[PDB]
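Asker: Single-letter residue listing:
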Amino acid sequence: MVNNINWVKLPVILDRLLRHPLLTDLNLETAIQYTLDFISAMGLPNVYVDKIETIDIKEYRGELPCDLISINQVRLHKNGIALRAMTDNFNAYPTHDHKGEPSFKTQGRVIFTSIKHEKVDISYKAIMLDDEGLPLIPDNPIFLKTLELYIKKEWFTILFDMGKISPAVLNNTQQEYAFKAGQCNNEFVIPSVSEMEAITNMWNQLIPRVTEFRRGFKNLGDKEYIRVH
Amino acid sequence: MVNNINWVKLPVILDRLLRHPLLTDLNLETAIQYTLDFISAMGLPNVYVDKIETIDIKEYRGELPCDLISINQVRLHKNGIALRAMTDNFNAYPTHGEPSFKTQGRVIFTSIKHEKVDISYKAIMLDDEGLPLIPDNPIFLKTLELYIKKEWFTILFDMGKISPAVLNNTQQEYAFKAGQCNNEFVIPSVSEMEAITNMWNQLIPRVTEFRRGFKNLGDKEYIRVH
Amino acid sequence: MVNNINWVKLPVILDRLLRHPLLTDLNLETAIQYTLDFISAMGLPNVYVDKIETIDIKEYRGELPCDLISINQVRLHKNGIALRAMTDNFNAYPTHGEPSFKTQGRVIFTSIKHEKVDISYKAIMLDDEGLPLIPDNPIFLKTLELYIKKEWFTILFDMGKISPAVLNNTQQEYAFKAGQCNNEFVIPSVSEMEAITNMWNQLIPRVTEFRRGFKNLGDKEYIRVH
Amino acid sequence: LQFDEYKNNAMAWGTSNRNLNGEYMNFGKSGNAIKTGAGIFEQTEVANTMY
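Protein chains in written order, with the deposited numbering: chain FS, 1 to 99, 107 to 236; chain FR, 1 to 96, 107 to 236; chain FQ, 1 to 96, 107 to 236; chain EC, 253 to 303.
Be aware that one or more of the hints could be misleading.
When the alpha-carbon atoms are kept at most 30 Å apart in a straight line, the in silico DSS-like pairs for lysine-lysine are as follows [what the hints assert, rightly or not]:
id: 1; chain 1: FS; residue 1: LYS187; chain 2: FS; residue 2: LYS132
id: 2; chain 1: FQ; residue 1: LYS51; chain 2: FR; residue 2: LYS126
id: 3; chain 1: FQ; residue 1: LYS230; chain 2: FR; residue 2: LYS123
id: 4; chain 1: FS; residue 1: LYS9; chain 2: FS; residue 2: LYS99
id: 5; chain 1: FQ; residue 1: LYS225; chain 2: FQ; residue 2: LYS51
id: 6; chain 1: FR; residue 1: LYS187; chain 2: FS; residue 2: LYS99
id: 7; chain 1: EC; residue 1: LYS281; chain 2: FS; residue 2: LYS126
id: 8; chain 1: FS; residue 1: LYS112; chain 2: FS; residue 2: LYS123
id: 9; chain 1: FS; residue 1: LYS126; chain 2: FS; residue 2: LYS187
id: 10; chain 1: FR; residue 1: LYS225; chain 2: FQ; residue 2: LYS132
id: 11; chain 1: EC; residue 1: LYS287; chain 2: FR; residue 2: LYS58
id: 12; chain 1: EC; residue 1: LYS281; chain 2: FR; residue 2: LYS126
id: 13; chain 1: FR; residue 1: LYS132; chain 2: FR; residue 2: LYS171
id: 14; chain 1: FQ; residue 1: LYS112; chain 2: FR; residue 2: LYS112
id: 15; chain 1: FR; residue 1: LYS123; chain 2: FR; residue 2: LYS58
id: 16; chain 1: FS; residue 1: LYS126; chain 2: FS; residue 2: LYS225
id: 17; chain 1: FR; residue 1: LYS123; chain 2: FQ; residue 2: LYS225
id: 18; chain 1: FS; residue 1: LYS58; chain 2: FR; residue 2: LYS78
id: 19; chain 1: FQ; residue 1: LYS78; chain 2: FQ; residue 2: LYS58
id: 20; chain 1: FR; residue 1: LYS123; chain 2: FS; residue 2: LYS123
id: 21; chain 1: FR; residue 1: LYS230; chain 2: FS; residue 2: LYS126
id: 22; chain 1: FR; residue 1: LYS112; chain 2: FS; residue 2: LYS126
id: 23; chain 1: EC; residue 1: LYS259; chain 2: FS; residue 2: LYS99
id: 24; chain 1: FR; residue 1: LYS78; chain 2: FR; residue 2: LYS126
id: 25; chain 1: FS; residue 1: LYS112; chain 2: FR; residue 2: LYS78
id: 26; chain 1: FR; residue 1: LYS123; chain 2: FQ; residue 2: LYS112
id: 27; chain 1: FR; residue 1: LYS51; chain 2: FS; residue 2: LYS230
id: 28; chain 1: FS; residue 1: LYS152; chain 2: FS; residue 2: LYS78
id: 29; chain 1: FS; residue 1: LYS51; chain 2: FS; residue 2: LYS112
id: 30; chain 1: FQ; residue 1: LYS58; chain 2: FR; residue 2: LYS112
id: 31; chain 1: FS; residue 1: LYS132; chain 2: FR; residue 2: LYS126
id: 32; chain 1: EC; residue 1: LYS281; chain 2: FS; residue 2: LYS78
Computed footprint of chain FQ on chain FR, listed as stretches where at least three residues anywhere in the stretch have a Cβ under 8 Å from a Cβ of chain FQ [stated by the list, open to error]:
id: 33; region: 22 to 31
id: 34; region: 39 to 49
id: 35; region: 161 to 169
id: 36; region: 183 to 193
Which residues of chain FR face chain FQ? A partial, calculated answer using Cβ under 8 Å [claimed, not checked]:
id: 37; residue: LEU36
id: 38; residue: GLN73
id: 39; residue: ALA85
id: 40; residue: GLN114
I should point out that these hints are in silico values taken from the structure, not numbers from a laboratory. Beta carbons: idealized from backbone N, C-alpha and C, even for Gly.
Using the sequences provided together with the hints, build the complete structure.
Answerer: Below, the structure written as structure tokens:
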């Protein structure tokens, strides 16, 4: 992302929506759901906050944090060795012989690892919250314009099923959302001048680096210097 | 899947649906069935809780657990060899190889007479009540809302209570959000792309992962320096 | 099939149909025919139950069981040699080889005079009553709900009680779920692909799996090291 | 002298730990089954034994 993600509270989005006299019965309760339906559908990873937490595995099981949404990487606390993913169908289940590589698996508020008794560090992503327990949205007026249009798109769809909006008004709102929801995708994704140096070092390599996942993706963007002979 | 499956209850889908003043006569009873149509039509494998359970094969047959939906694998208990699939037509029937299984109902027909086998299967995650638990992921919840909206608006359209351009917009909004939700639950994460990076990139191919529990499928293949 | 076939009775499809108030004149008598027409139209071999029965052949003729629908194989009870098909036009008929079979009604016409044969056949699974028993699988139920809806709306459209746009939606809503229920019940599982993987990848190909009861079909073909 | 006393006394006095269900249950320090065979004084006492 090129810009910085400054945080503003949710009543900024109702400065803009209630400028339209057809959307004046929007509420904070209606704006809380339509913001979270939007943030998840757009899926821009720069909207979430990066958190690191150490949890302890009891018996191939650990208790996962409350505010988690998605895990970037799990590692081991003693080695720093990262864990990949459990492809095993038969993880902690022993044969009657009562009988290699760390891996993990996450479903709910539980993590299923291939290690028995060890501490693991989990680098995850959460929603950034307010003083209130509400989501805190970015300041970028491409994001705020396309969030304004999304809430306007789902409200006008409800009026069109009732029959209180002509079909050319929804068809224009579905069109104007469709461009700004792509323009918001291109804004939050396209790398910076600082972030294109981290891709210039990864892409240009005389001797290829194919084990960055074993580290914490730390040297993914590091310059591969070559001695002169 | 990138995100995690944080579970929420079935009345969560009616906070979202009863916002619509045309869908105000939907119940929890109707939300139960239209959820079960939606889990099975999508068929995403992240919504199923992965359980493992041992049975006892009595005479080429054993019972199956009460909450089974789909078997991942069946393996032997003492050896550990996974049972492939029954291709035979005459399994338990004698006249005058590699083991195999075939499960139809609450019974599993194996090719072994008196043994124990571990079954790794999938169930529906239940609640404190006996009701299915849904993910709170708002790509899933939005298109589950639109499935219950589309199947209700179909009913109104046959009675003549909905404009033909209103169901056409709801069928359009579902058909995007059903393919968007599909891709949300099936695109691999960074942690699961390493299990594909180590499987795909192999100088010496590993083509016998099924004899194991697909355990070493994501293992990196290291080659010595000589 | 990735899933399993858990059985429910016929009137579960009438819990689902009579949510639509233009179908609330259906019975259990009407659900029996339009399901048996449906189950046969999909032709899914996972819905039928596999039974094996030894019969005896009298003189190039034998008695066939009462619940049969489709024979997988017929083999000899003493040898295990399966029977191919009767291409002979003149089977028992003398003038002045490889064993074969031909089954028209309740009679099986074989080319062996006085023997006992094993017939692996497929039957319908039934209830406490003598009524067919459908899968609980909510893709099968959603398209059996749409099949009886499509055949009821056809009668109404011929009576002129349903607009063309209402039937054209039900003809289309069925036409998609008819392919999805086909693909739900046909696409192989992680366990049935190993019947295919060990069969496709062969260095010395096996071409005589019909003499066995297709038993060694998905067996892995191992090569020695030298 | 002690390792050969292990090698003689296991050849002479070795009792097979296979149960009648064909599964061993004496498990080692990592968890796997200890598989022990029959010695010279157990393999002679199966056919013509007396007391």
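Asker: Each hint needs a verdict: does it hold in this structure or not?
Answerer: Tested hints:
1. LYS187/FS x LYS132/FS: Holds, at about 25 Å.
2. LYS51/FQ x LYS126/FR: Holds - the C-alpha atoms of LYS126/FR and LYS51/FQ are around 24 Å apart, at most 30 Å.
3. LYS230/FQ x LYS123/FR: 22 Å, holds
4. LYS9/FS x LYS99/FS: Judged against 30 Å, a Cα distance of about 55 Å means the pair is violated.
5. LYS225/FQ x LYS51/FQ: Holds: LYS225/FQ and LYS51/FQ sit about 16 Å apart, inside 30 Å.
6. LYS187/FR x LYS99/FS: 45 Å, violated
7. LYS281/EC x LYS126/FS: Holds - the C-alpha atoms of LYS126/FS and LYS281/EC are around 24 Å apart, at most 30 Å.
8. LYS112/FS x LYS123/FS: 14 Å, holds
9. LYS126/FS x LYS187/FS: The given pair, whose Cα atoms are some 44 Å apart, is violated under the 30 Å limit.
10. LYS225/FR x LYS132/FQ: Not satisfied, since the Cα-Cα distance of roughly 36 Å exceeds 30 Å.
11. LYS287/EC x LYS58/FR: 27 Å, holds
12. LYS281/EC x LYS126/FR: 25 Å, holds
13. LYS132/FR x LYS171/FR: 41 Å, violated
14. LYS112/FQ x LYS112/FR: Holds, at roughly 28 Å.
15. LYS123/FR x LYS58/FR: It holds: about 7 Å lies between the C-alpha atoms, which stays within 30 Å.
16. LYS126/FS x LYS225/FS: It holds: about 21 Å lies between the C-alpha atoms, which stays within 30 Å.
17. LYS123/FR x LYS225/FQ: 16 Å, holds
18. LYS58/FS x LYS78/FR: Holds: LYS58/FS and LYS78/FR sit about 26 Å apart, inside 30 Å.
19. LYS78/FQ x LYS58/FQ: Holds, because 16 Å separates the two Cα atoms, which is no more than 30 Å.
20. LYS123/FR x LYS123/FS: 35 Å, violated
21. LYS230/FR x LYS126/FS: 23 Å, holds
22. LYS112/FR x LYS126/FS: 41 Å, violated
23. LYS259/EC x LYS99/FS: Holds. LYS259/EC to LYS99/FS sits at ~27 Å (cutoff 30 Å).
24. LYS78/FR x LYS126/FR: 8 Å, holds
25. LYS112/FS x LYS78/FR: It holds: about 26 Å lies between the C-alpha atoms, which stays within 30 Å.
26. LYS123/FR x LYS112/FQ: Outside the cut-off at roughly 34 Å; violated.
27. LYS51/FR x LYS230/FS: Violated, at roughly 46 Å.
28. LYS152/FS x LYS78/FS: 47 Å, violated
29. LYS51/FS x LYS112/FS: 19 Å, holds
30. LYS58/FQ x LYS112/FR: 34 Å, violated
31. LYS132/FS x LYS126/FR: 43 Å, violated
32. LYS281/EC x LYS78/FS: 24 Å, holds
33. 22 to 31: violated (count 1)
34. 39 to 49: That given contact holds, which follows from 4 residues of the region 39 to 49 of chain FR lying within Cβ reach (below 8 Å) of chain FQ.
35. 161 to 169: Satisfied; 5 residues make the cut.
36. 183 to 193: Contact hint for the region 183 to 193 of chain FR vs chain FQ: violated, 0 residues under 8 Å.
37. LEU36: 5 Å, holds
38. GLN73: 6 Å, holds
39. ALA85: With Cβ-Cβ at 4 Å, under 8 Å, it holds.
40. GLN114: Interface hint status for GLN114/FR: holds (5 Å vs cutoff 8 Å).
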